[PDB]
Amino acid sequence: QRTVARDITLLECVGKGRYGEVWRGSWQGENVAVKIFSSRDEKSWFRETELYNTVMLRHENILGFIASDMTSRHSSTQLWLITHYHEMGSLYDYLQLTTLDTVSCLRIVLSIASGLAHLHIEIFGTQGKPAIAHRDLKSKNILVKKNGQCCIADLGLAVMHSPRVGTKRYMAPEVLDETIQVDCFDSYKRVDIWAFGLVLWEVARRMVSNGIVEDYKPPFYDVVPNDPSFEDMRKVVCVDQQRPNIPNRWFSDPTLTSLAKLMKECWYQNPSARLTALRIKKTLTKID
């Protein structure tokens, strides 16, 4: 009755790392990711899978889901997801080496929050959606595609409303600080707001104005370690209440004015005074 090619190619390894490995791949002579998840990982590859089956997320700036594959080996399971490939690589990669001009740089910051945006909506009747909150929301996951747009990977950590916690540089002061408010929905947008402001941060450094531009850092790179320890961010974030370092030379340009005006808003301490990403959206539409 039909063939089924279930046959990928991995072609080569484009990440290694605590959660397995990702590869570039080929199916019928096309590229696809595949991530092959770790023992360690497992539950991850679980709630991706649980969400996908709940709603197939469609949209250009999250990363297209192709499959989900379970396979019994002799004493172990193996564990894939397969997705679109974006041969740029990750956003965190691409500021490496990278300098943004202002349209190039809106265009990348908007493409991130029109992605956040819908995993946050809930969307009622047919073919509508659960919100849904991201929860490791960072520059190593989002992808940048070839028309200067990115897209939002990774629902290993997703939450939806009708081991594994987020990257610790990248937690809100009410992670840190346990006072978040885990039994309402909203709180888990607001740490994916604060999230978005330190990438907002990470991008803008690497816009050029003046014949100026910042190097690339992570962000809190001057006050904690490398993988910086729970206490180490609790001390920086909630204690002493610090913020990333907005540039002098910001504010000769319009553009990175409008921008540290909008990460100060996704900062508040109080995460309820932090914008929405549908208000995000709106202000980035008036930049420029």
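Positions refer to the first chain, counted from 1. Whichever C-alpha set is largest while still superposing within 1.5 Å between the two forms counts as the rigid core. Compared with the form deposited in another entry:
- Comparing the two forms between the two forms on the rigid core, the single residue of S76, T179, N147, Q127 with a CA shift of 2 Å or greater is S76.
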Second form
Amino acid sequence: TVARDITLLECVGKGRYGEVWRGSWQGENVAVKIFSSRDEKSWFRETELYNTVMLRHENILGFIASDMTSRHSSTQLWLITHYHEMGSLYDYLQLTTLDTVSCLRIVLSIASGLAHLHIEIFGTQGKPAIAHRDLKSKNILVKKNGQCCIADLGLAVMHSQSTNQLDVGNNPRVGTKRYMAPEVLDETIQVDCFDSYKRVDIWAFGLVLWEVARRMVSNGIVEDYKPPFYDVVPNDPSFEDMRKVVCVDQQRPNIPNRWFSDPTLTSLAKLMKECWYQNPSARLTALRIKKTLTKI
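Return the form deposited in another entry of this protein as a structure block, the form deposited in one PDB entry having already been given.
A lone chain is what you will see next.
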């Protein structure tokens, strides 16, 4: 097993989900995710998706290996992937501002990744439709070429037209509350319809677009990095803080006036508002977003 050969060097992420370490393996950095004992269904789901489906795409965090090892006198579940030293989009947006080309590169490569997940590919070399269910800026990494890749398939849902079998797994984990779509927060989401989960992804992608656009300079200014709904919920908002803001008060992120004086940001403002329709079926698709961003 690889697990015992990897040298863990420093912790680069920690939460209720577990930890991620920068590790050394075969003379290279690798990312090692060590799952909390409470989150093993996530490791199960990610391993399934990376080893059984062979998910591989330039805008999807690149799988290396999945492993069971016992360190420190207990058995841990490890996921090992490429390590992106630029870190998460969430951190990246805090340490730098963006020009037009860099902003569009970022958001388009996210669209590319999410389209690839959402769309079914038939044949000997293919994949079922996949919905992410926890898309956020901390689950997006920034590559050295300035594109991004989507990470954390632990909540993935799958569907194939071959079988008409919706596969939601058995994970008790739920999405990051700050990013939950209205229909999740008010528990009217249609849980047996695969499209529902794609539309939850599109809502969260809209929020990520907002986070990114704020950091694009126009007429010499930018907004500070903030997370969606920073102004109306505390850190680590409860399910009820979000339900009140998003469902009862029907809040959406505010568009800064200066965006309408720049054409790219105007275009992006139009997109993100069409990810935020309360009616889930009215929201844009990943492929549509991808197509529009390509033209901008």
